[PDB]
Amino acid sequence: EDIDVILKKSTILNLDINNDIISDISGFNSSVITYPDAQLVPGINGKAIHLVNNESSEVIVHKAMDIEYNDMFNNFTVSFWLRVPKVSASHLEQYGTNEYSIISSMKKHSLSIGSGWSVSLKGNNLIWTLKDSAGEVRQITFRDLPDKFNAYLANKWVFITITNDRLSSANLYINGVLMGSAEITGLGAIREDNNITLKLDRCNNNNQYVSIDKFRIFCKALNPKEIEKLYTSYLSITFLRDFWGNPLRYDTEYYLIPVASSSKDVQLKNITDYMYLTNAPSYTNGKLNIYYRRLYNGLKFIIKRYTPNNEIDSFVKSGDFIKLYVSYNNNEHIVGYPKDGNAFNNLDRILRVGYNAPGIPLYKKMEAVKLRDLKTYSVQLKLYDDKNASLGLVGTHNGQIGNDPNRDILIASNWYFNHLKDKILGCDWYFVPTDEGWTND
């Protein structure tokens, strides 16, 4: 009765991508069929399934003869990481009322009726549906947050967990927290289809695509304690992740956004000079009750490896030594701190972009690490000097420089190693890459 044990024994279906082949590692050996257009993209711990809106993008799981988990009153839980692009205002108008299924165990235009369960979306609403053998149905309807920067169906990898207890209710969990319930008592036996099909069915927006990962099924209704453990077991601090939950790539551009003040953008005063925070502009839409801070404005950064070692991996791993640069005016400028450059209180060292000065050593050795907030897709950058001593973590500091107005200048500081168990710190950075899953309206 160790949670890890329970989670192991209760698993009767578990899909994992290995060798670019989709398979069931549950032990039960369910037949997994993959159609030509079911594509693989990077995901939470390896690769995920990416389904586009076409008949050829489909994955079919044919359950083992023994894998009977929804008999007369048999409790069950279904989990998976989901990632759906941000719906544009226009599509929210044309397709806001369009409910399309993405995962379902219901045989539709046939001899039977809605077999058993389905997961679908209608606008910015995730839906869980249960249908018994007599055609009775219960549903959970989860309405997403208005602030798309902090929403769940707005382009980030989020862990979905739908538990079902026949004596009480079906609960919807997102990232380990309960967001919706529905009393399912009074529902009869569930007479399902032998196949569990992952596919965009009934979607009228040809550009709708979705990614699903770690589709798993349990023969019991997990409780909070078990969902939390399961949820975090996927958060392995191996590779660092970008703002969407995907792996951090080296020679790729990124926009920085301090998690402590997610409304600010990073700006360059002038080439050989410092960087400071600015206010990101906002999109708002009263009619659709949607709004969010615009992304993609501000300096662009690039992570380069410090030295060529053993193997050239494309993903930045927690602990790798790197060099941060900023693409600007068609050149790439190294970020570092000059031997005796400007600094507040003898400690908070001011960071320079492309600082070029004959005879003055520049400190650039950075270390990308995940020191805190494992549930957040953030990064902490550490700067070192020629002797590999720490100049500190990269964060901000408020003050002036010259006749320049008061600003929150990016600095490097060791102070952060004193205040570190806090929920909000300031040395935490989101790495945001341009993604077609997110367009500003």
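Superpose the two forms; the largest set of C-alphas matching within 1.5 Å is the rigid core. Numbering follows the first chain given and starts at 1. First, how it differs from the form deposited in another entry.
Just one residue from the list 356, 90, 238, 309 crosses the 2 Å line for C-alpha shift between the two forms on a rigid core fit, and it is 309. Residue 110: CA moves 2 Å or more between the two forms after rigid-core fitting.
Once the cores line up, the CA of residue 183 ends up less than 2 angstroms apart between the two forms. The two forms, fitted on the rigid core, differ between the two forms by less than 2 Å at the CA of residue 55.
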Given for the second form:
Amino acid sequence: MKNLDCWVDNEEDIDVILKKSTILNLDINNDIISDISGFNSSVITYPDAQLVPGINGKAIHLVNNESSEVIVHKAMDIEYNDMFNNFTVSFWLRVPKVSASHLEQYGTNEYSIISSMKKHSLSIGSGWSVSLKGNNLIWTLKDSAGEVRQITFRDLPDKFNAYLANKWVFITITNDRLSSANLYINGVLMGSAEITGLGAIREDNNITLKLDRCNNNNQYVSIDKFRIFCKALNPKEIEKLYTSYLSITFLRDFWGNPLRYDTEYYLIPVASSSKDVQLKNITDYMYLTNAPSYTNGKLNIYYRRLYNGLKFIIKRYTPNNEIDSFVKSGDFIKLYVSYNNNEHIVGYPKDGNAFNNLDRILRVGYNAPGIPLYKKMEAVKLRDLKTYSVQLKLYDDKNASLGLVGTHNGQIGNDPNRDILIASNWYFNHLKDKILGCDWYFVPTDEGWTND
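With the form deposited in one PDB entry done, generate the form deposited in another entry in the same format.
One chain, no partners, no other molecules: that is all that follows.
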């Protein structure tokens, strides 16, 4: 009694604790990476460290060459924080899905992506490192006397739900030198290691962000919001820290990147993610089908395959907002299906067929003469902030709500029974359910996911 957390005083307001215990905090402003903690550690950016969209602005993109790195030179006042005392490392991480091929080829090649490690004699290294090995995420802590402690996290086999499978995920690693190290992903505890009794950790004066010892020349990773705390955060501090970055400003695609205009997306319903969207016929309705899947018992990985089903495109309802291409919640849009190299608008015909005069059946490319076709939508995010999904609100042409886009299981004509896309206001009265049929993933083609 005894506490190796840095002293704050403020033991109440979580936000005050998070702020006060921050000793390093990378931000990207006007395309320059710097430390905004207040300790002013210097940050050197090498020529092939690239910038990409991030969870809230831009983020760091590392490729596999020696010019692709970011080095933080620790300020003198924070230099020895982890020698004996507690600390927390946090950052957003995006790693592409490893191919079956590359798991076999490179699966035993452990490579670092962030490190303070130092080499000392006796063969001894000292510091901490974040590294990857196949679909393992690994935290290593080493003291100056040769002790080594580690957490090895094995990712989920279902790569649609896995953390090292091309989505932005939030990492947090807490170190309490009087108990354990704990690894969290998206605020949830994934692994722990006891770390008591360690000696002095004598690490590098620099913290290096770079792929180290990676044998796959085409490998890359992205890192955002890299931050270090002089405290071992508790689960409630971690939850607030995690949710604090979920900016309400832009909507997000399936991978966590900002949603964009003029971009092909495949839709998948969150509440039935094994399904793809199909079209009966131009001018007619859409429905769900089962996605085909990939399975590999040898390598223990599997996943519903992506990029089957219709391609959708979002356009501004009222053109020319020049430079920006990002969709903001509350934006008014037109939804198209691109088919036969033609774009076909999505909407509901006045008095069109509906189920129980209340679930409105959507039509693609409808064009009956003299029949209004309602197609003005609002792209919104009403629920589940941790989930990268979107809702779509359809209006008539008089500001009345025709409902959120969803599905309805039923039959049209003598067709087979199907989950058919619809707009319904029924969803507004149920926005608090765990799972809801109006939640959609927007999935664009991405080099970080190829089907095997």
